[PDB]
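Okay, here we've got a single chain as structure tokens, the form deposited without its partner chain, with questions on binding and movement later.
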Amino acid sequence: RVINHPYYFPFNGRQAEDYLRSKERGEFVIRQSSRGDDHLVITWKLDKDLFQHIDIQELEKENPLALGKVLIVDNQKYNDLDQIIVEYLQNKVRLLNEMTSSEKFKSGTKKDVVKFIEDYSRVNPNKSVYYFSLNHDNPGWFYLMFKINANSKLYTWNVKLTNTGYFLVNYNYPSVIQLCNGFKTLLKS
């Protein structure tokens, strides 16, 4: 389709992912959408085998092929692609890295992480434990799994990576630390 931007390709979801497979986390691609004249997608790599597709809705188009003068992502208004790449995408890549580097984050699949948490709990029978994992079935979400003690169920709450923090329940926390406190506070109540 008709768009002049270094990072634009006429790719579908699969071709985008193939193109990004071998590239760094945060590497992205803008591409046409199958939803019409007025949508684009940012595909990007969170990890090996893990890609998110962000819907870009265009408004105020001057003709069918041209890019829209107004762009909505995740209910936020933007003026051009560069603004989206920097103030939305790159902020998400920032927070992702912030989180995967935390002591509190466990890599790998959910099945694996649950194993890890349940062993730990058993060797720390009275310590409450909680870890973060990547949600491979819902790209851009983390699991938050905790276990009050060795005799409590393993509970799982969901946490959305946004461009301004980690959304949990009803609040968007701007850092991992703020998120950790916020979680310990949701429990006590």
Given for the second form:
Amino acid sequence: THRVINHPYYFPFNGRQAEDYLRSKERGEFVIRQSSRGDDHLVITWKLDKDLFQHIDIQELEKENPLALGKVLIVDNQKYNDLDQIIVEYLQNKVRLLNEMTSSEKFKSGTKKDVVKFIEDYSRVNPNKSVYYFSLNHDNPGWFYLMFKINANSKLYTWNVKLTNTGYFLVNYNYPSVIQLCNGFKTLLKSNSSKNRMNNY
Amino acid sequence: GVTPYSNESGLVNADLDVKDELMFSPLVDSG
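For comparison with the form deposited without its partner chain, would you give the structure of this protein in the form solved in complex with its partner chain?
Shown next: the complete complex, the earlier chain at its head.
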């Protein structure tokens, strides 16, 4: 099965071919391609960073025939009219928010181990401060690690922040900016901390 | 198929298991 999709960004790639094509491209570039899930799915594969790619499902509804692009498309549980709307309203916002995160003074580039090392070093120098940074989750594209220590002697905790097209999802909420995500992280942890100290008897 | 769909993953957060006093930097204006 080889579908003729009439779109400037359509390529008949498997996931590995899509990643190879994007390897020399820049953050935010993408391809649309046939899905292994069937003739009512497509995939948009996009580049986050060097050797870091995310493949997102596009579910097709209102198909006029088995091979034609559906007139309604579902991405991340939201409805879109066509592939250009997905590019503009889903993908481009997601890329915008990725750049907002990696431009933040709370973001650290490098592998998880690299950032843990910086956190440990920072904690060694500042043993009575609580420390936290964001970094890229290379094993789960589209997520950030949120790593923190309460103090030098505390364990290093890893939480997980999901990048979405409308903000940064942490625990129960989709923060619309990195500043609000940082404020919210602190509030959430203050709340859990004060709950731990409650006297239930 | 073989391709992973990382937007479909769910990653579990470690529970905070300490009474230690938090000492994070201040909250800041959202702008």
